[PDB]
Amino acid sequence: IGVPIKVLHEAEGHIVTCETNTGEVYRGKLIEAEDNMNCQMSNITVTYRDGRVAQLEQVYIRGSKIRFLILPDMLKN
Amino acid sequence: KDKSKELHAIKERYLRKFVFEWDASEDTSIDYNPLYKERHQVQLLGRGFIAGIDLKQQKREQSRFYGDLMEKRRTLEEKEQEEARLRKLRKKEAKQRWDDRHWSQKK
Amino acid sequence: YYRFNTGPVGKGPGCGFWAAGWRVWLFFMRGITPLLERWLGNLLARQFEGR
Amino acid sequence: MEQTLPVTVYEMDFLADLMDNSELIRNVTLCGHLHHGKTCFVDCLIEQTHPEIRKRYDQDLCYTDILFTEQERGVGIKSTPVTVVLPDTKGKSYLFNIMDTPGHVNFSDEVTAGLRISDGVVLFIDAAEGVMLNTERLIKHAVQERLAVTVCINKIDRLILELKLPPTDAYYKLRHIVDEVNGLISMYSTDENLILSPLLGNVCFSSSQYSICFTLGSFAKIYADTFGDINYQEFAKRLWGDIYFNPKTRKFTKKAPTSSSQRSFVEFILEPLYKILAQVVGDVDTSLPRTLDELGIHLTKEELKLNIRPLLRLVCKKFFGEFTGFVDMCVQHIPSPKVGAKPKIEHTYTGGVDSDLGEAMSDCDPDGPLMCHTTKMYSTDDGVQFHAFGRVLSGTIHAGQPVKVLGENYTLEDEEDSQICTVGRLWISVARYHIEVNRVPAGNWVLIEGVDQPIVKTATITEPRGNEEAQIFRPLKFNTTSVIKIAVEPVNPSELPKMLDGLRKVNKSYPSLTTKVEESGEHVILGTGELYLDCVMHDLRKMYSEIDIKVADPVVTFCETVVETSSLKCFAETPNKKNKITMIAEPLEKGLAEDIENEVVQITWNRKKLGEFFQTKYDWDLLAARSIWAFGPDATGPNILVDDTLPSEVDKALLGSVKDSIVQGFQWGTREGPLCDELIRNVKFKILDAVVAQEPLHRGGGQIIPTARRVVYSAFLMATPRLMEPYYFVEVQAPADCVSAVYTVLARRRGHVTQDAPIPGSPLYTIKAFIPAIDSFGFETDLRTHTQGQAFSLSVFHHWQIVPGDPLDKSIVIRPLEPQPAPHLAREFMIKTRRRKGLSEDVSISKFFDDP
Amino acid sequence: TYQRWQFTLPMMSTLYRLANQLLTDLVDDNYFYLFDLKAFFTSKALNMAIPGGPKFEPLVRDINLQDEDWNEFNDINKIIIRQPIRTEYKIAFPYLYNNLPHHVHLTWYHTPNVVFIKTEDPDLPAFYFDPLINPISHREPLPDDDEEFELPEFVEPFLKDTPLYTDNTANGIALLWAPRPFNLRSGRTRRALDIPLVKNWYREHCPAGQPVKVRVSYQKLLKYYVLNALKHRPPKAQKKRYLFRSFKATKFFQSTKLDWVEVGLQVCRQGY
Ligand SMILES: O=P(O)(O)O[C@H]1[C@@H](OP(=O)(O)O)[C@@H](OP(=O)(O)O)[C@@H](OP(=O)(O)O)[C@@H](OP(=O)(O)O)[C@H]1OP(=O)(O)O
Ligand SMILES: Nc1nc2c(ncn2[C@@H]2O[C@H](COP(=O)(O)OP(=O)(O)OP(=O)(O)O)[C@@H](O)[C@H]2O)c(=O)[nH]1
Ligand SMILES: [Mg+2]
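Chains as they are written, first to last, in the entry's author numbering: chain A, 3 to 79; chain B, 241 to 255, 270 to 361; chain C, 613 to 663; chain D, 105 to 956; chain E, 224 to 362, 369 to 501.
Isolated chain A, as found in the complex:
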């Protein structure tokens, strides 16, 4: 199991930002992060490629189709 993966699991319960392979940007609370980077989140703000925003209660994104995640700086220490 990879070092970055452990740090991801550490961010469960924190507010995180996720960009997909298609560049949609999802910000909200990370509920569950799986080993393969599958991500369950809640109370999301999504910012599309055109710039528009929306609001979602519950989402789940496949690990493969994630480009990256931004985690709190609370973890860095």
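No lab work stands behind these hints: they were computed from the structure. Check the hints yourself; a few may be wrong.
[What the hints assert, rightly or not] Each computed EDC-like pair below joins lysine to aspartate or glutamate, with the alpha-carbon atoms no more than 16 Å apart: (1) D:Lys352 <-> E:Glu382; (2) E:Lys261 <-> D:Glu176; (3) D:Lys355 <-> E:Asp373.
[Claimed, not checked] Here are the computed distance ranges between Cβ atoms for each label pair: (4) D:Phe331 <-> B:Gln335: 50 to 56 Å; (5) E:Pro425 <-> D:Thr272: 43 to 49 Å; (6) D:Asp485 <-> C:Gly619: 17 to 23 Å; (7) C:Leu648 <-> E:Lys442: 31 to 37 Å; (8) C:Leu648 <-> E:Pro425: 55 to 61 Å; (9) E:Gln467 <-> C:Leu648: 48 to 54 Å; (10) C:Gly619 <-> B:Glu280: 25 to 31 Å; (11) E:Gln483 <-> D:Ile401: 56 to 62 Å; (12) E:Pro425 <-> B:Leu247: 22 to 28 Å; (13) B:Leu340 <-> E:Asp396: 18 to 24 Å; (14) D:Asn297 <-> E:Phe296: 43 to 49 Å; (15) E:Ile286 <-> C:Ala657: 18 to 24 Å; (16) D:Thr272 <-> B:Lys310: 34 to 40 Å; (17) E:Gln483 <-> C:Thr645: 21 to 27 Å.
Note that the Cβ used here is the ideal one computed from N, Cα and C, for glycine as well.
Dock chains B, C, D and E with the ligands against the given chain A, drawing on the hints supplied.
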């Protein structure tokens, strides 16, 4: 007498020559409470023994309660095994006696 | 004695268990030694010191 | 901050960062029976998180039980809070506020104080003894306090090294313990949603001495690490509980193959543990190296030269690692406490959840009003200044920020038990070292300096200039009653002020201590038991006040009651010669006092439900059932006040005008009592008539209250009065042999053996009995010395019983220094306690009448 | 030099068995409740005698209870008497029953009972449900067997091959509770003088039904044991000078190996 001595204890609490033998007046443990006179010496599950004292004497003078408990609780096979072990111990005891017999009971 | 003479063994002189008294007297000697050494040293000297 | 702290696995900065996120905070209380492993478990967690602090090889480091008395006696005396950051089996770190509580039954006040501010309970059960007195009492207390509960079965190595039981019978013992716990929980709780079973994760298996702790999940995780293809979650779901393994099919079944296969638990968890322990202990020099090589455990030659016990601890530590099963338990089955906030406010806060502040607190957000609640007071080693330990339910405490402190007697109308103070410094208390911080957000535990002055036992800290509709959290409700009583005086009367300061400090330190001054100028201390009072006296004489103090002989506090209805209906009139009261007294029905005390009925209820209960359960007429006025000295007291006044004789409006005054008089009379000035228990006072004057300045105030008390006293005295003795419930854990000796010792002290049974799976017996509290003095030492230390006993207050004699008998003659026979114990106890209190020599049934 | 040793567990078990007769087979200190050096220290400091314990001179000048002048506090018309407060109670709780407890020692409270089942019959398996153990009166969201959960081929219990118990398992378990030094497996070497054999004999209670002279012998032995323990002070920092090494370094002495009886006769003659 015991009640009088008890009340006496309450009242008294509140209101050159070479001697090679300690005097009997120095004795402590001369109590009036039965709980402290007879103090229910320990029975270590019928398998622990006081140091020095003869093992056979200890077994003979023990309360026998644990022997009764063992005979009550033991299974039939457990009783058979224990009886065989006691038979082995008795054979060893008899052989030891026969070896270390006094000359008045030998040939 | 009162642990030795229990059971088949009765009162008698057959109990030899001497480590206890042996230790007692060796420990007494430990402390007596310097006193007697000093006394004999003061005695068998070229001179004598009293007072 | 920047203070000096010991080297640690985690970092204080990360701890503070976690403190802000309330979803990763777990408030847990470690409770259980005496000597069941709580302190050593906490020690081992501290060692895990602090690689420098280490437990001595042959001596056990505690890191709790810090006090000198604790270290000398070996028994924990005070609860200790520890805040740590523990990893999860998944690898995710959480913040754990663990309050380790004492196990002794006398010090249950510490446990209740910890419960008030905890959100979950971890119950430690010894694997050999099983369920015992304090375990039962603590299960009851936790379920009644509305806390989630989980269980850790400790000392499982006794089954292997002391009883050397077979794996299957050890499994049976553990299963029986689980069944006992579930039975008790069901008995004390109506809801069945709280079922304890290792399959669910509510039970863990630990051996704190040898550093072992695991759940089914963790021991499946070890298998997964060794072989990578298993889902340890499913493996854990299948391990326990009559699930036999078929190795030919590699599948588990509810049906036993071969009629000799062991359950999967025995096959996979228990048996290898047996093998590890046996190989380390018996074959350390022959095949131990091979077995450790098989396990993958490699230990250095310096290490493998250790004696058997250190070697066992080291090997088991290396094999198992961290205590991740405990963390899994707590994380899964204890609220967030964002989730657990609402029940806490529902149960504790006096203003109710429905209140606006109730909602503001049940939200539990750092950016809101300040509503700290302080339950403990910890004294600095010098013993001069105290620090308030409590939890923050809303807002954020800032160092230096002025606050408003409300004591237990504060009400939104009586705004005089409040006071503005200023908080100096804040600490995050690890057991033997305090982290100083600048602020503390809601949902955490904190030590506050500078707010000790205006509080005694419990307090609520809010903010000034706001929360004008602020009310105090309910004062702690204690698991028992402090009954034992002693008197204290200084040796040199010139040093009385020092003793007074010491008395105040001990009152603050011990939550359930009650210190008071009688009428004869005697200073009296109330405590639960002899060890409790011994510790109190030690602290008073050594820590707080440095003087020499004389202590009177122990004695208990009695109560007063009646056994039959008053011979005549009594009455009295005000000094004004108006406002005439007329009462009668009778005994209550069996169990009604228990209902009122245990809150099965509340006066706050609507009269509809109140009369419903009174009519349906205790066979009362609804007319009387809707005529209740008061419930004894407190809102929940064992004496009732009904007003039989028919509407035709007294204007009900006029009677209601002086209702409050008559209630005050009744409560004062019940609180004091005429026989010896002690509580009145189990009496029904019925107002048969009440002629009420017309004008408010002719009634009320200093007219009715004295008359009301005098009428209550006269009616009680007319009814045949009796004294009631406190009774202790004793549980002795003795060998199979000493039961007769226990019988004898108990019989010597008016005891009565209720039961005597064997402990399944152990060679010992439990003897449950009843003893009189006043005879209980020295009973435990009598037992231990008479039996040569093989029998041990713990006693606790159970119920009040009538003393055999008749108190108000002047025929009897008492000698000053003789143990009296039973038939006049009542008279002796009444007269001597009257002398102690400093009242007159004897009380006559006409003393408080208006006729004589 | 014969300074340190390290034995093996079978050796240690056999030595324990041979020494059995000198050892009391006690697995706890619950026996010594109010009968250990700390309780004796408290009783001495308070000038009281445990029934079976020693009896010293008052450490302080005893307060004569015929001296205090009947204050309001110690009035005897207020005291309810049920059981005479024995000396044992005051040693047990020195701060609740004594006025002026000075130089008093707190005593270790209870310790959990060590429920150890001594193995009488060697032939039995190490792990065996002994009759002494009270029987367990026998009497769960398990998954369904139809589920597809299958263990891999490699998987089997951690130590299947290793036997549960071996020939020397019960012996090791017993050694775990054997008294010192029989619980060790290594250490240093002491002096025959420094090893007392009956100290644990007279530290125990006197056997029941014994004569007064032996009872007083027990009491006085305990008295002197307590006195030594209390008066002990740590040794002082010497410089390690050796008398016989100095003699050997001198020229008037020489070494030889002789029979002890020969040396004894030699010393007798020289002393004469
Ligand atoms: O030395 P004591 O304790 O006084 O014992 C003396 C006697 O000793 P003496 O010959 O020095 O008077 C014997 O003891 P030993 O001589 O063997 O030391 C004898 O002991 P045994 O009968 O065991 O050989 C017996 O002691 P006891 O009666 O305790 O057995 C007796 O004591 P009495 O003076 O009471 O007769
Ligand atoms: N056999 C065995 N003994 C243990 C184990 N854990 C603790 N003990 C012993 O149990 C005794 C109780 O000590 P603690 O656990 O520290 O005391 P506690 O749990 O805090 O209980 P209190 O004293 O009431 O606070 C200690 O003397 C330990 O030696 C264990 O895992 N196995
Ligand atoms: Mg503890």
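Hint check: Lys261 of chain E vs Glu176 of chain D, CA-CA at most 16 Å. Holds or violated? holds, 11 Å
Outcome for the supplied range 34 to 40 Å, where the beta carbon pair is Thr272 of chain D and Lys310 of chain B: At roughly 38 Å between Cβ atoms, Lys310 of chain B and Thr272 of chain D fall inside 34 to 40 Å, so the hint holds.
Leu247 of chain B and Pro425 of chain E - C-beta distance against the hinted 22 to 28 Å: violated, 44 Å
Taking the Cβ atom of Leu648 of chain C and the Cβ atom of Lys442 of chain E, is their distance within the range 31 to 37 Å? 34 Å Cβ-Cβ, so the 31 to 37 Å window holds.
Confirm or reject the claim that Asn297 of chain D and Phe296 of chain E have a C-beta distance inside 43 to 49 Å. violated, 57 Å
Decide if the proposed pair is consistent with the structure: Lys355 of chain D and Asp373 of chain E, CA atoms, cutoff 16 Å inclusive. holds, 11 Å
Note whether the CB distance of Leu340 of chain B and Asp396 of chain E lies within 18 to 24 Å or breaks it. Holds - the Cβ-Cβ distance for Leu340 of chain B and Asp396 of chain E, about 23 Å, lies within 18 to 24 Å.
Can you tell me whether the CB distance of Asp485 of chain D to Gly619 of chain C sits inside 17 to 23 Å? violated, 59 Å
So the hint says 55 to 61 Å: do the beta-carbon atoms of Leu648 of chain C and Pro425 of chain E match that? Violated - the Cβ-Cβ distance for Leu648 of chain C and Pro425 of chain E, about 26 Å, lies outside 55 to 61 Å.
Whether the CB-CB distance between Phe331 of chain D and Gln335 of chain B falls inside 50 to 56 Å: violated, 42 Å
Is 21 to 27 Å right for how far apart the beta carbons of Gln483 of chain E and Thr645 of chain C are? holds, 23 Å
Hint check for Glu280 of chain B and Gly619 of chain C - Cβ pair distance inside 25 to 31 Å: holds, 30 Å
Consistency note: the structure conflicts with the earlier hints numbered 4, 6, 8, 9, 12, 14 and 15.
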